[PDB]
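Number of protein chains: 2
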Amino acid sequence: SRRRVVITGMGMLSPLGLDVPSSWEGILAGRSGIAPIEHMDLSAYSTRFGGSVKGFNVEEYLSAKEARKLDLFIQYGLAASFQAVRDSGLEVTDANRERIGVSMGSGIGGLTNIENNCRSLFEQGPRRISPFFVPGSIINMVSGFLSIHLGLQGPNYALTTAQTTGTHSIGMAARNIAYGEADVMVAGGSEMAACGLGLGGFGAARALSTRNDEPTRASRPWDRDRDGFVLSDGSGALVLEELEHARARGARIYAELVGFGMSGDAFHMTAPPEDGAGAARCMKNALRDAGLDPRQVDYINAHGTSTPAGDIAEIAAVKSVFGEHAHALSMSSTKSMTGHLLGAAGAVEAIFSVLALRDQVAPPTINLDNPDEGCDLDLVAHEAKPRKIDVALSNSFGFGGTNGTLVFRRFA
Amino acid sequence: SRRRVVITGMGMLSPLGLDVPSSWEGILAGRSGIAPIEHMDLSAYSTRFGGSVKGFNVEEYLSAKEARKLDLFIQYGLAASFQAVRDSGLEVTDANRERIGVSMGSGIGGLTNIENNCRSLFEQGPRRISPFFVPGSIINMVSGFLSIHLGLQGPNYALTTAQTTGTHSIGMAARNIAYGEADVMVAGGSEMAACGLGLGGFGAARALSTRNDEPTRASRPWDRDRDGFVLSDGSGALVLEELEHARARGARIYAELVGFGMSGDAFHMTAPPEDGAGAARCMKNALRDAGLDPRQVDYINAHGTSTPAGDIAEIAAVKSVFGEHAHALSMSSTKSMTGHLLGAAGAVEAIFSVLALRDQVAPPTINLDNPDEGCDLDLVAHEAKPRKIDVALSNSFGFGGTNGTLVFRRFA
Ligand SMILES: CC(=O)Nc1ccc(CC(N)=O)cc1
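Note that the protein sequences, when read in sequence, are chains Z and L. So UniProt numbering is basically just the index in the first sequence, starting at one, shifted up by 1. So UniProt numbering is basically just the index in the second sequence, starting at one, shifted up by 1.
If you're looking for bench data, these hints aren't it; they were derived computationally from the structure. Treat the hints with caution; some may be incorrect.
To be verified - Label pairs and their in silico Cβ distance ranges:
id: 1; chain 1: L; residue 1: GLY126; chain 2: Z; residue 2: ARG388; range: 34 to 40 Å
id: 2; chain 1: Z; residue 1: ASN58; chain 2: L; residue 2: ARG253; range: 45 to 51 Å
id: 3; chain 1: Z; residue 1: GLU325; chain 2: L; residue 2: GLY126; range: 51 to 57 Å
id: 4; chain 1: L; residue 1: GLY126; chain 2: Z; residue 2: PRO372; range: 44 to 50 Å
id: 5; chain 1: L; residue 1: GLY126; chain 2: Z; residue 2: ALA249; range: 43 to 49 Å
id: 6; chain 1: Z; residue 1: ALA68; chain 2: L; residue 2: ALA45; range: 47 to 53 Å
id: 7; chain 1: Z; residue 1: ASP360; chain 2: L; residue 2: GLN297; range: 53 to 59 Å
id: 8; chain 1: L; residue 1: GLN297; chain 2: Z; residue 2: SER64; range: 57 to 63 Å
id: 9; chain 1: Z; residue 1: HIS269; chain 2: L; residue 2: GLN297; range: 46 to 52 Å
id: 10; chain 1: Z; residue 1: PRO132; chain 2: L; residue 2: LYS66; range: 18 to 24 Å
Said to hold, decoys possible - Just a few of them, taken from the derived set where beta-carbon distance is under 10 Å, the chain Z residues facing chain L:
id: 11; residue: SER64
id: 12; residue: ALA68
id: 13; residue: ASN118
id: 14; residue: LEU122
id: 15; residue: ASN141
id: 16; residue: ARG410
id: 17; residue: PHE412
Think of the CB as a built atom: it goes at the ideal place given N, C-alpha and C, for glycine as much as any other residue.
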């Protein structure tokens, strides 16, 4: 048998806002968080824009001294996690601290720290590398720092499955609780790869939209004029909680996490297969996990990266999985507004999926001016759509052909 | 309901050899794999030695063309994965490809590659960044590339939990099989952190031994003259397999994986607590998971990094878990010979723990000339000790206070 898992707290930094309600307000308004990147020389770069976190104040969370030790991705991870725990009302005690764990991940980790320490290294040699370089840059330090700050002694780990990280982190945290290895988990991911290395790295693979003239129109999933993904920064964290543990302390329950699917394409290092066979297997695995029929799905938060191959594969995968119901569900890419937070994409999009359930509204796919060949599904073009949503899927399909799907259902 | 998990295949690059048998021969012979580093000028560094992989031929596994796109840690991860799969005798088919997954982790991932591309960016501009920078450097691409080469469509993910990565990777892969998410998993980790930022970063933290004039004597777990860990490179991979699946195909079974434990210290970003309270919680979780009397434990492969605080914390944790039986079991650190492979430490040491079971021998702790205050257990000083081993435990502890324990026993 298996215990049920609910969402009792959510936290976020995104290009739309410094918390969940501000981000969600921008999502439902169709607002873009995309703009040229500042305080950075991007002259020799073919992409000069992205989703930055605007006006983040780390000292709401940490002392200036402890923040100086930590890469921005870790700072963002901690901000979302601290928000999620506060949002949950959970009280950590000697009686429960061994049952409360953390799985906060990242796709690329501490590129900003690596960049700045490389500067020191090359210019002045190794003795100028920060003593906190390693612990302040490695991906497990959101889980590490959070556990130390709150006294969490439950399972303590971090995933790194590129653009699938956040989805896998939440799913595997849910499994921890279901199989009785924990009663509470903080899970999600964080990312800050709007360094030269991130824009240069993805830029070198010509993976990025180069629509520098109109950065807010760059991310246009399933639009015939799309030219690659938009790089974005931020974090999402959820408090996952066993249902009876949640009910006993009178927690506010946003939604139930009913399904987790994983698969590998085993196809290509960066490109999905044309027919989305891997994403189809993963969605089917998630629905089977949830004991649900494809007909019961109302809302999908797509991966929807605005890459020509990625977008088309996801249409193929949804038609294959959902057959005569594929047009009845609504599917949207919130990456049309946020851009692609890579390892954090799955975390913030799980939150948007839970909020679609709370508010009975499908977030828009903005910039869908001219759907491409075969993009004839309900993709919620331009504006939010109020509707019945009992069951919401969130998909993540990343490099190495690693796929994740989460199934959320209304709780009452 | 929970299925049993056996080891059918193992693979390894270590400072002692280019496979498991050659590495194991070194272990039983008390040979050091530590030598001054030759692959770069370390004259400006306070540490100029480590455990390098010697004579690695990537063209035993991959085309030179593919290898040139991949960081050494991915090459090392693929080499150990391919060895483990071949050693398993398992044949991938349309019938089973969806039931075979991979969880190969790293602490740091492609630091060398990211450093080299940082150098190109700074000296020459962003147009010199490799288009293979991201897929050739990020941690999930051991899992990704292995799945692509072998056609593995099961759960596809990667852990990054610093020096606990290998242990966590193996443990959670076992859980995937135990719970029915997969019948086979390739699990372990790989590390190549021996670049400027790696030796420089650990150097800046004053974490590394500085015994440059006698590198083979540098790693001296529990010795009163120890002065930090020795940085080492390589990979460990194991094929984990549901027991009936293994029996059904006539697989050679090395041992059964009966116990996995995790805990957080919630103590310090980098320092283990002196009393080993988190290590003790972790081992107790693992032993309860295995349904064992602690007195059943015959052999512990310690974390045994050769840091003052780490080594002593482990004696304290073992004494607290095992009481008087702490004086009956054998505990050794193979890090005395291999050094600290960081994210791969848990992977190679799980293999040494299985081979301890197959051959009925406790590997030595070499260089244990003067055991420190309170280091009065059977630490297998100097020479391999043939003895009865029914149950073997492998411990890892990492930055973020992250703890993993694996419990193996003989299978009949
Ligand atoms: C394996 C390979 O073809 N590497 C590669 C590295 C760097 C670049 C960027 C450049 N213009 O030189 C392009 C390609």
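Now for the hints, and whether the structure bears them out:
1. For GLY126 (chain L) and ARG388 (chain Z), the Cβ-Cβ distance of about 49 Å falls outside the hinted range of 34 to 40 Å, so the restraint is violated.
2. Checked against the hint of 45 to 51 Å, the pair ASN58 (chain Z) and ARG253 (chain L) fails, with Cβ atoms roughly 59 Å apart.
3. For the hinted restraint 51 to 57 Å between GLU325 (chain Z) and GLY126 (chain L), the CB-CB distance of approximately 53 Å keeps it satisfied.
4. A C-beta distance of roughly 38 Å is found between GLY126 (chain L) and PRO372 (chain Z), which places it outside the suggested range of 44 to 50 Å.
5. Here the CB-CB span from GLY126 (chain L) to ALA249 (chain Z) is close to 59 Å, at odds with the stated 43 to 49 Å.
6. Checking the proposed 47 to 53 Å range against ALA68 (chain Z) and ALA45 (chain L) shows it is violated: the Cβ atoms sit about 30 Å from each other.
7. Separated by about 55 Å at the C-beta atoms, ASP360 (chain Z) and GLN297 (chain L) satisfy the suggested range of 53 to 59 Å.
8. Range check, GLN297 (chain L) to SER64 (chain Z): Cβ separation about 47 Å, and the 57 to 63 Å hint is violated.
9. Distance hint check for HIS269 (chain Z) and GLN297 (chain L): the Cβ-Cβ separation is about 47 Å, which falls inside the suggested range of 46 to 52 Å.
10. Against the hinted window of 18 to 24 Å, the Cβ-Cβ separation of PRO132 (chain Z) and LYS66 (chain L) comes to about 40 Å, which falls outside the hint.
11. Interface hint at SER64 (chain Z): violated, since its Cβ lies 14 Å from the closest Cβ of chain L, which is beyond the 10 Å cut-off.
12. A least Cβ separation of about 13 Å between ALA68 (chain Z) and chain L goes past the 10 Å threshold, and the interface hint is therefore violated.
13. Taken as an interface hint, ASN118 (chain Z) checks out: its beta carbon lies about 6 Å from the nearest beta carbon of chain L, inside 10 Å.
14. Interface hint at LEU122 (chain Z): satisfied, since its Cβ lies 5 Å from the closest Cβ of chain L, which is below the 10 Å cut-off.
15. For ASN141 (chain Z), the shortest C-beta to C-beta distance to chain L is roughly 5 Å, which falls under 10 Å, so the interface hint holds.
16. The criterion of a C-beta within 10 Å of any C-beta in chain L is not met by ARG410 (chain Z), whose closest approach is roughly 21 Å, and the hint is violated.
17. The criterion of a C-beta within 10 Å of any C-beta in chain L is not met by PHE412 (chain Z), whose closest approach is roughly 24 Å, and the hint is violated.
Comparing the model with each numbered hint stated earlier shows that hints 1, 2, 4, 5, 6, 8, 10, 11, 12, 16, 17 do not hold.
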